[PDB]
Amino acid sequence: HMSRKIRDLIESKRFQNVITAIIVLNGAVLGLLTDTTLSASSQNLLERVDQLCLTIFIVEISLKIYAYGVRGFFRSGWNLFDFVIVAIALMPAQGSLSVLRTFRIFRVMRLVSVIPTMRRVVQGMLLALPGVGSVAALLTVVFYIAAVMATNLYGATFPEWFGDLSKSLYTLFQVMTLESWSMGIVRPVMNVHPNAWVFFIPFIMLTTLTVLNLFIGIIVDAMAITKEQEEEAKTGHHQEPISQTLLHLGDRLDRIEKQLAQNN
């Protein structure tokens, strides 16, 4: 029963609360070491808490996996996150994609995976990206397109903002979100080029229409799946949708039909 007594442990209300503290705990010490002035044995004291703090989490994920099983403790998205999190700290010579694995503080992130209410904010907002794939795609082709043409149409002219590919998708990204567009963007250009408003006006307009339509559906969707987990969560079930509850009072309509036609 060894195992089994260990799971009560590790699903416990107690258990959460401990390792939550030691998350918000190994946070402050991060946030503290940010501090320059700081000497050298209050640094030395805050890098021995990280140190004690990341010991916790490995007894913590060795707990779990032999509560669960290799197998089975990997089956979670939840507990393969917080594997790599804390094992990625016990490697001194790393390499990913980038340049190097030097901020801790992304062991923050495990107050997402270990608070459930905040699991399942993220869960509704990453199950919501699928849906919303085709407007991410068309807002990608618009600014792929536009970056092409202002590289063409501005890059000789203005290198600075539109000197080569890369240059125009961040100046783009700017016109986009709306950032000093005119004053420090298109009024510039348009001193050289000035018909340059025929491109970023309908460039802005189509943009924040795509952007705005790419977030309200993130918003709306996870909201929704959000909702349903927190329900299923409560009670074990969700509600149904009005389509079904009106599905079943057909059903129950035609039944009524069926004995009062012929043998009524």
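Each form is matched to the other, and the largest set of C-alpha atoms that superpose within 1.5 Å is called the rigid core. Numbering follows the first chain given and starts at 1. Compared with the form deposited in another entry:
Just one of the listed positions, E230, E60, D50, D221, moves its Cα by at least 2 Å between the two forms when the rigid core is held fixed, and it is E230. A movement of the C-alpha atom of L9 falling short of 2 angstroms is seen between the two forms when the two forms are aligned on their rigid core. The two forms, fitted on the rigid core, differ between the two forms by less than 2 Å at the CA of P116. In the core-superposed comparison between the two forms, the C-alpha atom of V18 has shifted by less than 2 angstroms.
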Second form
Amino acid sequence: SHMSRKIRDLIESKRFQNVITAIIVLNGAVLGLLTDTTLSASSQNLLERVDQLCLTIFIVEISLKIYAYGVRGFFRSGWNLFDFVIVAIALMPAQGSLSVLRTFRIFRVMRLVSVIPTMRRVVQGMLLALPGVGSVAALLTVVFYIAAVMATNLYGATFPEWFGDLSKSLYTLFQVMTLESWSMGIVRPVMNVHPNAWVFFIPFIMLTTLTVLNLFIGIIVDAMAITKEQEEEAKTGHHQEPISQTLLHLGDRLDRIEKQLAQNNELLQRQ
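Show the form deposited in another entry, please, the one above being the form deposited in one PDB entry.
FYI, this one's just the chain on its own, none of its partners or other molecules.
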């Protein structure tokens, strides 16, 4: 069909992307103005209608995309499903979920990420970098769980606001890890009752700050190489060898070329 063809040409254009980006910024700005409690009844009603206009433009946009690519074709992309959910969640007459309320209309600004390709690639790098740090994130989870059970048993009876239960302990252990008032606010007061409390919190700080930094460095380094390798694949179209694989087999590739040079020289000297 010619109708689905020219609609895709329109959707894939730079101006269409710019119009949709402009509407996201406009929706974002109206939601920001609506945080102002002093605004008049007319000013609020006006901005709410501008929010309604922005929302309807997105319904036209998504419906135009579903028709032009097909239900299966549109939903083949994770970015499209995200775009679909962000907009479709607004058209909901009552929902039965384990969430508070959908008053967070501002999450629509997250579409700037999906609509801008350079920003889409950054998040892509970060998400693809997550599986590779799963074991470190799990190790940190185990350290926190063990630590929380210990802290609850040791300090909960004497310090109930900070360690009274497992939930309170997880919260103040996260605070200790971020180094936030860990000594003047938590451990110096706890040491006044339990003088050897530093045997618990100092190794806890040393271990968690090292593991967290490991988790962050792991993500930053992979995400940086993934984003870079994706660009070399979104230019040449050829598959890019992962930098780690190049580095692992570098020595192997060097001795093979060395040995092939000597045997070629061995046959060259005697002809």
